[PDB]
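**Student:** So the chains spell out like this:
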Amino acid sequence: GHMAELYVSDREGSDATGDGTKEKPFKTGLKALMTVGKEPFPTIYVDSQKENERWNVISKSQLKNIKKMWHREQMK
Amino acid sequence: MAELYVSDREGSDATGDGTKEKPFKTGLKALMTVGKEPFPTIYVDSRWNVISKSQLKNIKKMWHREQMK
Ligand SMILES: [Cl-]
Ligand SMILES: [Zn+2]
Ligand SMILES: [Zn+2]
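So the protein lines, in turn, are chains B and A.
9 is the number that the deposited numbering gives to position 9 of the first sequence; each next residue is one higher, with no gaps.
According to the deposited numbering, the stretch in the second sequence is residues 3 to 48, 54 to 76, in order.
This is chain B alone, in the form it adopts within the complex:
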C-alpha cells in the first residue's frame, strides 16, 4: 500500500503530523525509514538548499545512512 516517493522537509515537515507526501512531508529521515515497510526504498526527496528549488533528491550519503539504520532496525 506504500508509495513510490517520500518527502522529508526539515523546515516545513512534521514527524508528528506529517505523512511523507509533498503536501505534508516528514520532518526527518529517521521518521521516514520507520515508515518503510519493504524494499525497495521509496525515492526520498529533501529540501533543496537552493532558493530556486523547493525539493531535491536525498544525497547518496544520507540515503546510505538511512538504509543502514533501516536494515538494522529490520533485525529486531
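If you are wondering where the hints come from, they were derived from the structure by calculation, not from laboratory data.
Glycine included, C-beta positions come from ideal geometry on N, C-alpha and C.
Among the hints, a few may not be true.
[Stated by the list, open to error] Looking from chain A toward chain B, a few residues come up when the C-beta cut is under 8 Å (computed):
| no. | residue |
| --- | --- |
| 1 | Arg11 |
| 2 | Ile66 |
| 3 | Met69 |
| 4 | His71 |
Got chain B; can you put chain A with the ligands on it based on the hints?
**Tutor:** Here is chain A with the ligands on its own, set in the frame of chain B:
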C-alpha cells in the same frame, strides 16, 4: 559532549562533528555518535532552538534499540 549541534541547511554528517562550528546534518548521525547517557543537549536550526521533544523522543527511542548487541 554536553550539547550536540545539528543543521540540515549548513551541517554535515561527513565533515561535521556536532560542534556549533561543524554541526552534523541530521539527528540520525548525531545519535550514532553518542555512546553513553545522559544525552547531550540537542540544538537544531530554527538561529538555534533546542530540539523539539517530539523529535528527541524518536532519537532517544532508536538509540536504545542500537545499544543492544
Ligand atoms: Cl534524521
Ligand atoms: Zn536490503
Ligand atoms: Zn536509557
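**Student:** Compare the structure with each hint and give your call.
**Tutor:** Outcome of the hint check:
Given the 8 Å rule on beta carbons, the hint for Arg11/A holds: about 7 Å separates it from the nearest Cβ of chain B. The criterion of a C-beta within 8 Å of any C-beta in chain B is met by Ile66/A, whose closest approach is roughly 7 Å, and the hint holds. A hinted interface residue such as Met69/A counts as satisfied when its beta carbon comes closer than 8 Å to some beta carbon of chain B; here the least separation is about 6 Å, so the hint holds. Taken as an interface hint, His71/A does not check out: its beta carbon lies about 12 Å from the nearest beta carbon of chain B, beyond 8 Å.
Hint compliance for this structure: hint 4 alone is broken.
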